[PDB]
Each structure stands twice: as structure tokens, then as C-alpha cells.
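First, one chain by itself: the form deposited without the named molecule, in C-alpha cells.
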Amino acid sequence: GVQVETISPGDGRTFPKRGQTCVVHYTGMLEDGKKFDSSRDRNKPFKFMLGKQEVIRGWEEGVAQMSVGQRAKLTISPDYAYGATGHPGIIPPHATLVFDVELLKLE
């Protein structure tokens, strides 16, 4: 599954609902701490509509537990990320991923 650890609290009241667009900043890393992707480096927030499976399952389920303004560390198991096949060249097979995610706003 996905484990959500708070780094900084959000408002503790506004939680993403299916169909809303989540605007976040994130940094993805492999178990060893090696960064593989980051919207922060591109200085451009990432957007995705909750429930449309435009992102890995661990995000859909983990971000739904965050409130607006919150920054959290999500630890995601392979089955909730890229599985046995992974994404050759970037994500190895059976990789557990760690994401530092900040929920900026909802649209």
C-alpha cells in the first residue's frame, strides 16, 4: 500500500474529492534516495484529476489523505506504483518509491 508521513501540516479540513484537480509539487526517489523526477526542478507544479488514474495508484490513494497545504512523504510499494515490469531505464522492477509531495491547491 502507501504510507503517508506528514512533513508539514495542511489546513486539516480540505481533502481532495474524486474528480477534483490536485496541484502539487513533488520529488520522486528510489529506496536508496536517488532522485529520479521532480517538478520542483522544473519549477512547474504538476496537475492531475483525482480518480482518473492519470497517476500511480499510491498517489490516488495517498494524496486523497492529504489536506490543502500539507507536505508529506509517501512510501509506495511496487504493486501501487510500477509493478514487476517497472519502467526500464528509470524505475527498476519491484521498486518501492518514495515521494515528497506538497498539495498546493485544488481546482
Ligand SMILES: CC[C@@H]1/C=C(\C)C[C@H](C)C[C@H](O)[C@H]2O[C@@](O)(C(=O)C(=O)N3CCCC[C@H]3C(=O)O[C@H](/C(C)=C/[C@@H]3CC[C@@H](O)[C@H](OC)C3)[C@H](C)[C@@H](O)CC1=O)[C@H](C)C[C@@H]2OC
Given for the second form:
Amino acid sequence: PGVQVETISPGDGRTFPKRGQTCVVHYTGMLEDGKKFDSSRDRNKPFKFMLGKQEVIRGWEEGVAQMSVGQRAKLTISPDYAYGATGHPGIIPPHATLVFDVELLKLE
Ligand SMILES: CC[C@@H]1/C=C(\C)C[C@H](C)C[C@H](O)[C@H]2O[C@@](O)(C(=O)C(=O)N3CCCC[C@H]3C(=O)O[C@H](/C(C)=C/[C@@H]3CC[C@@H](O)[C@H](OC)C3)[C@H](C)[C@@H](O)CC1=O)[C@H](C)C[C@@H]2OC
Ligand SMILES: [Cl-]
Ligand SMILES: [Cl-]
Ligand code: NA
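The block above covers the form deposited without the named molecule; next, return the form solved in complex with the named molecule.
Entire complex below, previous chain first.
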């Protein structure tokens, strides 16, 4: 599948992201073996995005939509739902499944 969502800690079970809302998260991105390539936690600066604008990889678009506020989850994202056969220069190999540890902090 494009994205698999595995819950580390549950959310509120009620408030799921909608278009027009700003999602505020912490994340760590890694390959399937846990090798880290990026993190907002390390910047002590949360990351913000919105649905419906093609502004995040599709695995986030579909994965974070399945999370409720407060949830921490592992999103396992297939290459086609991430950087595909290309990868990301300097960072992500071709054909890489990505794992993001995401905490959905709030909706703004
Ligand atoms: C203009 C520079 C502008 C950069 C900004 C705002 C700095 C960010 C804080 C960090 C960078 O985005 C950094 O994050 C990563 O380390 C990372 O962990 C990651 O994969 N993401 C970050 C968290 C959310 C999921 C995912 C994502 O979707 O990021 C978006 C991304 C790169 C979407 C593309 C858009 C084109 C489209 O063709 C492509 O489809 C395949 C998807 C990003 C927030 C953009 O919306 C904004 C930017 O690129 C990748 C490995 C390398 C990245 O550097 C470039
Ligand atoms: Cl935003
Ligand atoms: Cl925006
Ligand atoms: Na943008």
C-alpha cells in the first residue's frame, strides 16, 4: 500500500485533519532500517502543512489524514507515495520506502 499507519500513542479519536486546516507536527524521517535523514524535533521547530495542495508527499497526505490530534504514529510510505524511482538528491536513494515517526500536535 501507499501508506501504512501504525500507532505509537493514540490520538483523541475524534479530530482528524480536514482541508483548510493547518496541521502542526513533529517528525523524524528514516529509511526502513531506521537510518535517519531528517527531523523537525532536532530543529525544535514544528513543521506545518495543509491537505489538498500537493505540498507534501502523498504518503503524508493520506497517512496524516488517518491520524487524530495528539496521535503519534509510524507512517510507512511506498516509493511511489514518496520520491519514487528517483529518490531525493543528497538524501534518499532510488526506490526507497520511507518511515516517518509523526506526532500530530494540533490543527490551526
Ligand atoms: C521549497 C523548499 C521547501 C522546503 C521546506 C519547507 C523545508 C522542510 C521543513 C524540509 C524539506 O521539505 C526536506 O524534507 C525532507 O527532509 C523530508 O523529511 C520530507 O520528505 N518531507 C518533509 C516533511 C513532510 C513530508 C516531506 C515533504 O513532503 O516535504 C515537502 C516536499 C519536499 C514535497 C515535494 C514537492 C514537489 C513534489 O513533486 C514532490 O513529490 C514527489 C514532493 C516540502 C515540505 C515542500 O512542501 C516545501 C519545500 O520543498 C526531504 C527528504 C528533503 C526536503 O528538502 C527539500
Ligand atoms: Cl502550511
Ligand atoms: Cl500552504
Ligand atoms: Na508550500
